Amino acid sequence: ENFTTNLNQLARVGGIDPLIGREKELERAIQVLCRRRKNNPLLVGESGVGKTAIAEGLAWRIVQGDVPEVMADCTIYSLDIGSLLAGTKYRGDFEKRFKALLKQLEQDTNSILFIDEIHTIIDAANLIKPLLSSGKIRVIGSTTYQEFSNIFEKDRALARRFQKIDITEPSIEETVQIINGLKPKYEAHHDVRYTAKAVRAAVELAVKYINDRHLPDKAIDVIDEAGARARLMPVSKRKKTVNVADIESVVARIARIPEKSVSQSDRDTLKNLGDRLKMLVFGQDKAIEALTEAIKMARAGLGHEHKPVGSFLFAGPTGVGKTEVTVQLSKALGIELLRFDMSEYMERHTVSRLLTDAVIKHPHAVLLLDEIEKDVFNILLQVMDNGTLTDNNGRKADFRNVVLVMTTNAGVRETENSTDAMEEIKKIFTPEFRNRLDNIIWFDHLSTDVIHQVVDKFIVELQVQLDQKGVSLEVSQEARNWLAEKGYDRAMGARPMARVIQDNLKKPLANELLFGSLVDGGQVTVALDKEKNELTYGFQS
Amino acid sequence: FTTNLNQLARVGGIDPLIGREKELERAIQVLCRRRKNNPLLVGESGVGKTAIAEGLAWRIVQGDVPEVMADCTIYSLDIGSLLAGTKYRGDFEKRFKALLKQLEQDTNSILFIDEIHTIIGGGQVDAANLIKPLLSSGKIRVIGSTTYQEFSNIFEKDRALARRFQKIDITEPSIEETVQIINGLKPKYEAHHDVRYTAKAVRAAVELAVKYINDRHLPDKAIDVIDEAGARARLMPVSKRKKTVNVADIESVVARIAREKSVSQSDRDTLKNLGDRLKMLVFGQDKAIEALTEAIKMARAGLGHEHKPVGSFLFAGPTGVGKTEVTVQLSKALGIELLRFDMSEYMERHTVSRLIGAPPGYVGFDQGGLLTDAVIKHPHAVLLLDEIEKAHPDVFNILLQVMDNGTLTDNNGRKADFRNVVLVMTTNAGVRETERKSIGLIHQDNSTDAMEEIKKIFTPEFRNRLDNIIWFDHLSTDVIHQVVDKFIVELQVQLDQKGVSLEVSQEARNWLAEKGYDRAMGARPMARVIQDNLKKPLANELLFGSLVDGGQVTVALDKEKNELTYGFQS
Amino acid sequence: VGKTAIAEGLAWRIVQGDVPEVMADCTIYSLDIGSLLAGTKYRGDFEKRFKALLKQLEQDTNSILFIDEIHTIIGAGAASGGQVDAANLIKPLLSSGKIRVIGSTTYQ
Amino acid sequence: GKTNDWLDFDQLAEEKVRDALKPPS
Ligand SMILES: Nc1ncnc2c1ncn2[C@@H]1O[C@H](COP(=O)(O)OP(=O)(O)OP(O)(O)=S)[C@@H](O)[C@H]1O
Ligand SMILES: Nc1ncnc2c1ncn2[C@@H]1O[C@H](COP(=O)(O)OP(=O)(O)OP(O)(O)=S)[C@@H](O)[C@H]1O
Ligand SMILES: Nc1ncnc2c1ncn2[C@@H]1O[C@H](COP(=O)(O)OP(=O)(O)OP(O)(O)=S)[C@@H](O)[C@H]1O
Ligand SMILES: [Mg+2]
Ligand SMILES: [Mg+2]
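So the protein sequences, as listed, match chains F, A, B and S. Residue numbers for the first sequence, in the authors' numbering: 170 to 291, 302 to 533, 549 to 568, 572 to 613, 624 to 748. Residue numbers for the second sequence, in the authors' numbering: 172 to 292, 298 to 435, 438 to 748. Just so we're aligned, residue 218 is where the third sequence starts under the authors' numbering, counting upward by one. Just so we're aligned, residue 2 is where the fourth sequence starts under the authors' numbering, counting upward by one.
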């Protein structure tokens, strides 16, 4: 009796959340109870408190009745596995108490015993098997899907005994009626007024931005919290005014995203994507303009769904502003970006998959395929035609709302008299890929003036770091050119320029701090002479 | 068994809370709600979560909280005393109901149970877990405090108490907040220790704690570092009982416990002659020694990534170039323990368990990870990973993590720090060479391209993380002469132990070097030639000859016969 | 390595007098886990004996107890039901800091 | 042909527990 709760009797007066809807879903729940044998209704899926709502909801139905008189008379119970798994300090104590429960539970042969998170037991689990086959006590066990599949399906006494009741995620439009049924109940819960249209504006982040909280779970704790925060924030002033603005504050801090993004800024963000992208990454004016045009069409989602949302293909040597955009591209959007180079991930472990559980929680994953140029192109053909990615379940790919950014570095690697960059892409790629490709952007040549600004970025990080120490570095523009002359190579682009300041310059400077002319200095007389085209290092105090 | 926080606030015993305004509002917000009324503070050890729970109670007296909260009173559960105060059973249940009866009578009042994780998982512990959610029913509010590790195990499995509770994230306080918060407890230590702390002294503590003691959170660690500093003045100065202490002693304690700025003369010559000291031992590798020493110097100066290790190097070269020798000698000169690992053994995917420990509950789980335990025991070490290419690609994933953040978690979950470890690896990607030279009357240097093999075997992202990939060139003929001298010295040391003194003429050394000099084989054949010509005759004499007692040996070469002549006198 | 020599050695230095004045007068002790368990047949004997020793340390305010192999007290004598381990009994006193106890254990 | 993949057999430690009695008086 310590672990028994009378949901049916307790709900007579009330106190249970009424989950309107799901009427057809609950028909199976009653159809199982009417079976002579194997009448064990099991609800499988995944959610937090929401998953048990199908069971907790069924408690209200038993009270309400409106079912056959024979089936109408019944009662349900619930036990917490965790309550009996704490303080035991030994193995097998939980099972002993499980059997002892029958001494008081065995009063009639028509009743159910709800279980929560039964996956943990299957925590000896030996005694669970015989109690099932007895059938004197019905069982309803909430549990996830992936873990439940590994253990329950392989068993025999468990799978046959239960009657799997699968659950699905409601659609975007279906989600409106998820909170509509609970809108009056929530009004009574807090006794504060809430904006009716605001509920429809609370699904902006729940649908795809988080991917960690289900739609019913998100709705229950977002509208109630918004009303509570607005109600309790002004202590002196009593106000019942709630709106989308109030929801932004609650979502912003938990989701750790800008407040503006939670607002109805979808139109403004698209217009602002152009200038915002330019702000983060310097240069690439021509490429960025074509880039945002593709992203503009990608966010539309009012055209061919089978085709991928976008195929951004670049042709530039490494380190010339191509792999840099990758960071800025995702930073502005705010979504996590994957990095799975095709050449590095061509193993059987991952090539067949086309890195097991992370990929599902990625609404907009900008896959990066470095060195793709140097059977890899054929593999990508199916992705474009049908947008299908192999997985355990075998569902369709997420390319409807996911983009793949593949980068090519074959313009100069082939030769150095050499052909233009557009010649290598034609021969290396497959004919179907080239024709289906939406468009081609080129990063072969990086503006002269833009290169100088990128160099200053790294120098600023070094200069500000040195200022903290108590010294001032003065990298004259003449010296900066040297940094970009050696760092830039036509064969390998400007990739060696990334670390050309941590070895050619950061190494001598450090020696001076430890032991040398002056442990604490500054006023570095940086200059380049014409004797051997090399840098100069000098300073005094 | 219980304490009235309202009375304690009036008395002034509890320290006034400083900062954490954002955390308090979020806690009170969930607490006020009809449902999800039991706030839970998730925070690591010493972050401040416990102070926040008591700080809210003190705020009630001030009146800055809502007027409705004024009715609320906080009570602390003395879990330790309750467990001891029992004879047969039921003691906890009877007293807890009476306390909760007051809480139920006055729904406003709250019950702050510290270390809520302890309640859930002898006899009383079983009852205490169930007593909380069933009797409370979700109406009676209760505050909790459990760490991230405990929150996952204790609350995720049951899900009954978790639904009633509502977590409130916690973050490390800012540097500015840390000095403000420590001021509240600073008067207590000065009185007991009879010391005075300058404003600059407390400023140094926060910065030193994060750089050297980053493993332990800054707020609680800040309290601990200043406590030791006070004790130092009480006990460290034997005479004059010197009060009025400053940053200098603060550096003396934080740096010593962590185990530094203001480089001493000994430390200066350790790094100043590191390159020249390693050139004497290993010849013909000036380019490699300078590059390795320069990176190490950058870390001491501090011009490097904080989270990443001091340096990552890959020594790829032909056999007998002393790539591994420079690693072993570096440890000797630096005085840092050499954690030498052989990757040939770790050539299977299952062998990764030896690196990061076996799964929990296994027969070999007690042993634990071989890399995590070793680095923890010796934080400053030289992690030599020989023949990395031989190992399975799975280890490279682990190494990528160390390079990016210098951290690695085992099955136990302990966090290791590789910031002070100079990671070094060796490979033999290009040892293979084209034995077939130019097919012509005269030979040509058709040697295979350098660094081409390394690129194929190792992925590009792995190479980028490495600070530098130092290629070792084949030893020159002049270099071989120097190598013979060190080997001759080693032979002399062995002979000295037996009482034998050996003198080798300069002409003899040149003859041995020429006979045993092979560019492809490296410097290892020189030892073999020395062993065949010098050690073999001496060993026979040492056992069955004059050298048994001890003697003087002089080695010369006959020009006519082009062979070494050994003279034994004894 | 010498951890035991460092604890026991501290006692030798104290009698010699080459130590700080604060620690010049400290009655170091050496708890024996096996000795306590010898007479714990009856219920409550462990608590009575352990509490008695702990009381002596706090009232003195200078006595220091060197308890080697601190891992042993984690799972000390607990016949059944009470589960009153030595660590549980000593946990509150250590938190207050009235009694200071030196410990020595292997890395494993 | 094709490569040959080997599969390991995990072994989990298992233990029992003894009991110690205590006369009340
Ligand atoms: N925000 C704060 N404002 C004022 N004082 C604080 C604050 N946070 C911590 N302190 C002080 O620092 C002490 C130690 O930190 P606590 O928060 O009590 O530790 P803890 O988080 O319970 O960690 P343990 O001790 O490892 S369980 C507190 O008791 C206060 O004296
Ligand atoms: N450049 C060198 N200077 C001095 N001694 C050297 C040099 N190269 C090799 N030796 C000696 O020859 C041996 C080299 O052993 P290791 O350091 O293991 O060589 P290694 O080059 O790492 O071997 P590989 O390439 O892995 S087979 C030691 O006895 C060294 O003292
Ligand atoms: N620094 C030292 N000064 C004097 N004697 C020492 C020192 N270090 C070790 N010894 C002696 O060598 C012994 C080594 O064993 P212990 O130090 O007792 O072992 P331990 O370090 O406590 O480790 P275990 O694993 O617990 S035996 C000491 O007990 C002393 O007799
Ligand atoms: Mg080697
Ligand atoms: Mg010992």
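For the record, the hints were derived by calculation from the structure and aren't laboratory data. No residue lacks a Cβ here, since even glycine has one placed at the ideal position from N, Cα and C. One thing to keep in mind: the hints can contain errors.
[Unchecked claim] 35 Å max Cα-Cα, derived DSBU-like pairs, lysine-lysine: (1) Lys-676/F / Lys-193/A; (2) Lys-220/B / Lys-265/A; (3) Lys-258/A / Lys-693/F; (4) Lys-475/F / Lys-418/F; (5) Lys-419/F / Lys-265/A; (6) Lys-418/F / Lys-465/F; (7) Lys-387/F / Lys-465/F; (8) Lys-207/A / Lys-308/B; (9) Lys-714/F / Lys-510/A; (10) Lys-272/A / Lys-308/B; (11) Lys-315/A / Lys-265/F; (12) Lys-268/F / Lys-207/A; (13) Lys-713/F / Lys-439/A; (14) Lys-634/A / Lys-713/F; (15) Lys-568/F / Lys-664/F; (16) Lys-258/A / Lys-220/B; (17) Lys-308/F / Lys-17/S; (18) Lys-343/A / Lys-265/A; (19) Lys-615/A / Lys-439/A; (20) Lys-739/A / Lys-418/F; (21) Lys-486/A / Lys-713/F; (22) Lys-23/S / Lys-315/B; (23) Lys-207/A / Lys-439/F; (24) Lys-3/S / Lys-258/F; (25) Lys-510/F / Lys-268/A; (26) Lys-510/F / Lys-714/F; (27) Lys-439/F / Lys-475/F; (28) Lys-419/F / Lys-486/A; (29) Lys-634/A / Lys-633/F; (30) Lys-3/S / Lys-308/B; (31) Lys-315/B / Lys-268/A; (32) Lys-315/F / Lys-343/F; (33) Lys-272/F / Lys-258/A; (34) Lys-615/A / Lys-265/F.
[Claimed, not checked] Some chain A residues well away from chain S (every beta-carbon gap over 10 Å; in silico): (35) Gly-190; (36) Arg-335; (37) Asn-451; (38) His-528; (39) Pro-537; (40) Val-541.
Status of each hint after checking the structure:
{"no.": "1", "hint": "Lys-676/F / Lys-193/A", "verdict": "holds, 34 Å"}
{"no.": "2", "hint": "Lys-220/B / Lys-265/A", "verdict": "violated, 47 Å"}
{"no.": "3", "hint": "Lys-258/A / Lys-693/F", "verdict": "violated, 82 Å"}
{"no.": "4", "hint": "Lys-475/F / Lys-418/F", "verdict": "violated, 41 Å"}
{"no.": "5", "hint": "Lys-419/F / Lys-265/A", "verdict": "violated, 43 Å"}
{"no.": "6", "hint": "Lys-418/F / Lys-465/F", "verdict": "violated, 52 Å"}
{"no.": "7", "hint": "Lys-387/F / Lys-465/F", "verdict": "holds, 31 Å"}
{"no.": "8", "hint": "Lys-207/A / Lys-308/B", "verdict": "holds, 32 Å"}
{"no.": "9", "hint": "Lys-714/F / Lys-510/A", "verdict": "holds, 24 Å"}
{"no.": "10", "hint": "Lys-272/A / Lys-308/B", "verdict": "holds, 29 Å"}
{"no.": "11", "hint": "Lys-315/A / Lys-265/F", "verdict": "holds, 32 Å"}
{"no.": "12", "hint": "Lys-268/F / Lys-207/A", "verdict": "holds, 33 Å"}
{"no.": "13", "hint": "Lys-713/F / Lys-439/A", "verdict": "holds, 19 Å"}
{"no.": "14", "hint": "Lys-634/A / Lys-713/F", "verdict": "holds, 30 Å"}
{"no.": "15", "hint": "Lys-568/F / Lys-664/F", "verdict": "holds, 31 Å"}
{"no.": "16", "hint": "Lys-258/A / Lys-220/B", "verdict": "violated, 40 Å"}
{"no.": "17", "hint": "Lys-308/F / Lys-17/S", "verdict": "holds, 23 Å"}
{"no.": "18", "hint": "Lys-343/A / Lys-265/A", "verdict": "holds, 29 Å"}
{"no.": "19", "hint": "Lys-615/A / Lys-439/A", "verdict": "violated, 55 Å"}
{"no.": "20", "hint": "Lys-739/A / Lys-418/F", "verdict": "violated, 112 Å"}
{"no.": "21", "hint": "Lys-486/A / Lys-713/F", "verdict": "holds, 16 Å"}
{"no.": "22", "hint": "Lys-23/S / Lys-315/B", "verdict": "holds, 32 Å"}
{"no.": "23", "hint": "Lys-207/A / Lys-439/F", "verdict": "holds, 28 Å"}
{"no.": "24", "hint": "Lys-3/S / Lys-258/F", "verdict": "violated, 50 Å"}
{"no.": "25", "hint": "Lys-510/F / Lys-268/A", "verdict": "violated, 54 Å"}
{"no.": "26", "hint": "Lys-510/F / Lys-714/F", "verdict": "holds, 32 Å"}
{"no.": "27", "hint": "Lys-439/F / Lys-475/F", "verdict": "holds, 19 Å"}
{"no.": "28", "hint": "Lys-419/F / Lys-486/A", "verdict": "violated, 52 Å"}
{"no.": "29", "hint": "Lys-634/A / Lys-633/F", "verdict": "holds, 26 Å"}
{"no.": "30", "hint": "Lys-3/S / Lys-308/B", "verdict": "violated, 61 Å"}
{"no.": "31", "hint": "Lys-315/B / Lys-268/A", "verdict": "holds, 32 Å"}
{"no.": "32", "hint": "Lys-315/F / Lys-343/F", "verdict": "holds, 19 Å"}
{"no.": "33", "hint": "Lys-272/F / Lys-258/A", "verdict": "holds, 29 Å"}
{"no.": "34", "hint": "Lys-615/A / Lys-265/F", "verdict": "violated, 81 Å"}
{"no.": "35", "hint": "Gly-190", "verdict": "holds, 47 Å"}
{"no.": "36", "hint": "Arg-335", "verdict": "holds, 27 Å"}
{"no.": "37", "hint": "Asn-451", "verdict": "holds, 50 Å"}
{"no.": "38", "hint": "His-528", "verdict": "violated, 5 Å"}
{"no.": "39", "hint": "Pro-537", "verdict": "violated, 7 Å"}
{"no.": "40", "hint": "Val-541", "verdict": "violated, 5 Å"}
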